[PDB]
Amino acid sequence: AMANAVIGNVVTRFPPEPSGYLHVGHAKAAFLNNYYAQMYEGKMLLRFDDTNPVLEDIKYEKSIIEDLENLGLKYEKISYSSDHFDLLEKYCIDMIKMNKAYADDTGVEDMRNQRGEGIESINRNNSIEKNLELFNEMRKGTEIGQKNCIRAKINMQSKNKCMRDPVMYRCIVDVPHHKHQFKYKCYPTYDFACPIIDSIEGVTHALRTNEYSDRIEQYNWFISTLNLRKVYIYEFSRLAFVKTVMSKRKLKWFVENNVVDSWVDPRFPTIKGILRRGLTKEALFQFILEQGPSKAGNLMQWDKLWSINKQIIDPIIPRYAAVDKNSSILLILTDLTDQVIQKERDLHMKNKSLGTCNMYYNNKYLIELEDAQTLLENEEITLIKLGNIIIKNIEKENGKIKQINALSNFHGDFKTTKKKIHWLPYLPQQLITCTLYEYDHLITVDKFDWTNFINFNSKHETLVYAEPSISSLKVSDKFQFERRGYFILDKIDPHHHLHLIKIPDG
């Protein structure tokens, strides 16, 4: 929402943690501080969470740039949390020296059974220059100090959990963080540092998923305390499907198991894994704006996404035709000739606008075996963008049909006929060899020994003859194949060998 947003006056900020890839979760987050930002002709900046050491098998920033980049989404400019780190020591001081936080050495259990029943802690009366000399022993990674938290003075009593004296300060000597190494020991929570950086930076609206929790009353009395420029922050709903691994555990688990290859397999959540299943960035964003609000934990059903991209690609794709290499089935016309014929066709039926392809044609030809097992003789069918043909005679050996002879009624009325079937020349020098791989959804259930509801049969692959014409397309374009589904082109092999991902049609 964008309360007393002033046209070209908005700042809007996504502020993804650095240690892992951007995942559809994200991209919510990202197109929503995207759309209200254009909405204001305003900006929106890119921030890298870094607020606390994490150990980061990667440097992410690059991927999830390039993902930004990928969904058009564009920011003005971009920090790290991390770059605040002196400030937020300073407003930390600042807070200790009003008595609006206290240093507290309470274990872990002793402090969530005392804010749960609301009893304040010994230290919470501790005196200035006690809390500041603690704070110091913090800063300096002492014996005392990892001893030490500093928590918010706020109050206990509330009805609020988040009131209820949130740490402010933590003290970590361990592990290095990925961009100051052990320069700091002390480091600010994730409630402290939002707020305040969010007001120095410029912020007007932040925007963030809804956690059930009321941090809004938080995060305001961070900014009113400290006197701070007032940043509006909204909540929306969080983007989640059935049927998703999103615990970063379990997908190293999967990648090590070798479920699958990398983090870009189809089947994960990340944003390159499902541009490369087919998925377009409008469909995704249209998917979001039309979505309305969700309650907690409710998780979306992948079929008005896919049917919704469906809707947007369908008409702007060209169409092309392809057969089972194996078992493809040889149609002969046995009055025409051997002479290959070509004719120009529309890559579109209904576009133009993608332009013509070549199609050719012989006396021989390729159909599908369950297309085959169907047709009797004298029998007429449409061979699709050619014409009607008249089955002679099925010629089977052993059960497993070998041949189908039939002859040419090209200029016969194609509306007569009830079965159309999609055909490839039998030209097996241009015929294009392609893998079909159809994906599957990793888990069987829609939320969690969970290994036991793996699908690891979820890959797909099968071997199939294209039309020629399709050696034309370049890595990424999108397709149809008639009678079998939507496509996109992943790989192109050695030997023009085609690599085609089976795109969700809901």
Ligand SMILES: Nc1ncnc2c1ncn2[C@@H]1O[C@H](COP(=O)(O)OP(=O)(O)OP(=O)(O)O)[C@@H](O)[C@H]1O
Second form
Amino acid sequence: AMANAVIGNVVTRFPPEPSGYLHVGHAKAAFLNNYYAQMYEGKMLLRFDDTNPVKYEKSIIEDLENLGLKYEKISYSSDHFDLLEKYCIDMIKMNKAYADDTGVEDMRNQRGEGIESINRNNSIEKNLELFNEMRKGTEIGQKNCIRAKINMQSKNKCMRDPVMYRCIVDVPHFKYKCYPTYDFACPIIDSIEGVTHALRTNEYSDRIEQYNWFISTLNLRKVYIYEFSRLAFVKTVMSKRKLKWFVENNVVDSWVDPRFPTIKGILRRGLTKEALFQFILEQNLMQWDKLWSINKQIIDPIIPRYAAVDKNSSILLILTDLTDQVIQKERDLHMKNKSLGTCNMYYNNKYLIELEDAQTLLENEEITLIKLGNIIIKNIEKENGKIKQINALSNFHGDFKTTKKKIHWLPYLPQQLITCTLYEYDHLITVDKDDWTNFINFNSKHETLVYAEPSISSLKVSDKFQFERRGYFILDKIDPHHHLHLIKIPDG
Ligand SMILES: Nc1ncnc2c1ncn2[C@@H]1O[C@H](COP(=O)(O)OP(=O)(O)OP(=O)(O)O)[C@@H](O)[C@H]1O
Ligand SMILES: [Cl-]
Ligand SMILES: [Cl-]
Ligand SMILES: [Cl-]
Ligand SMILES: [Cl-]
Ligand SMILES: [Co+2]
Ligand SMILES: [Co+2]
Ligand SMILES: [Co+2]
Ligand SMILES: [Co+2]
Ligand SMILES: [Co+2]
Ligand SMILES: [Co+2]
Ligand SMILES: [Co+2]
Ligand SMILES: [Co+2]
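Having displayed the form deposited without the ligand, please output the structure of the form solved in complex with the ligand.
Once more the chain from above appears, this time first in line as the rest of the complex follows.
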């Protein structure tokens, strides 16, 4: 619900702090801002919220690009520090703000007990003196903050004289020695940037009364607040500190690791932006499984299908009636989607099949090799207990419909088969949500070496596809000697 929204006059803003990498929760915020802007044919601003001193701008902009979220203009909170100072002074002159040198603990217990600080009654001229001490960075100023004068007895703790301005000399941004708080800066900056609908998380809904109080007390143009719920996932860390620990201790080898909930992370993992947006629209800690099922339903109709077998469990099958001449046939990349085009299939008398499949056959069973035809299994050579080889006869014109058992396969053409590594990942932690390192899966990157069809040479980095009867994958990397690294996409 966007209050009084008018087509062509809606302005939202996405306000990420430029102190970290965007993650999936940020994505819900950025997407809802864009979605309401587009709904009303309006504008979405990008504001780097650097209100308090602590270069990720490029990462953030690149992730906004990758999600297809455009914005009309980029600004920084700090662009308005001058004007915020002016407004702080105006509020002192209206006796709506005062300089308080009370310590933090006693301020908090005074606030909890509705006790007005003795400084609440400071004169205007004294309040201004003390604000200037804060601006100059003196020890006097470092002892003081500026609070708003609202209502200490209010049932809303955010209306009990919230801090507006603080003296921060300790750390660099050293130009300013006092800084507005987020609670004071946000309504003011939203007003002066022309925001009409300021989106905000569910957490602390008490601050809306405060935000409106700042707007109206300064007689600024009104801004509506819309609220949405935070997006958080089970078995997922999103703290900056915890992610930092993972990286520094070589649990992952970068901040783009496909187990990370960063935007880069889960796009590398195979997620489409359409899947994320649709999940947000059609939906506390969420379960990943509906997100990955929506991804599966989105990607399955528009990705090619290839075959792969385990490079070392796979067993040799020989159709003894054929020769070693390699026959080539054109086939569809997608059986139900002719637009994805064709590739080349190659066959001979020698094949590789999966050992889990080969253990399931018995003499003179009829089965099907997908995209090729039927075969009659004749002999199972078991040397030293394990299956060593399977001999069968071609029956390519027999009816595959009469077969309950249809399997995938590779031609045994090793100078043409492409070697690949499958990376299957799991959650970095084991519980849903200080000894926390006791619950890390230090072994959540399972690798499998496989052969894949020659035609898979056609793929480019980041293409998605399906391995027959294996699952869904994204091409992450291409090695020297044409060796591919493929990440399994979860499918719910
Ligand atoms: N898990 C989440 N789900 C949805 N939106 C989020 C989530 N985390 C942050 N956001 C939204 O992302 C935007 C910027 O977040 P950022 O962390 O950069 O600022 P912040 O000051 O730390 O605010 P927050 O304390 O909410 O994270 C804000 O609109 C924020 O409310
Ligand atoms: Cl406080
Ligand atoms: Cl919501
Ligand atoms: Cl390691
Ligand atoms: Cl990596
Ligand atoms: Co339109
Ligand atoms: Co910066
Ligand atoms: Co000092
Ligand atoms: Co799971
Ligand atoms: Co020959
Ligand atoms: Co024939
Ligand atoms: Co595992
Ligand atoms: Co390698």
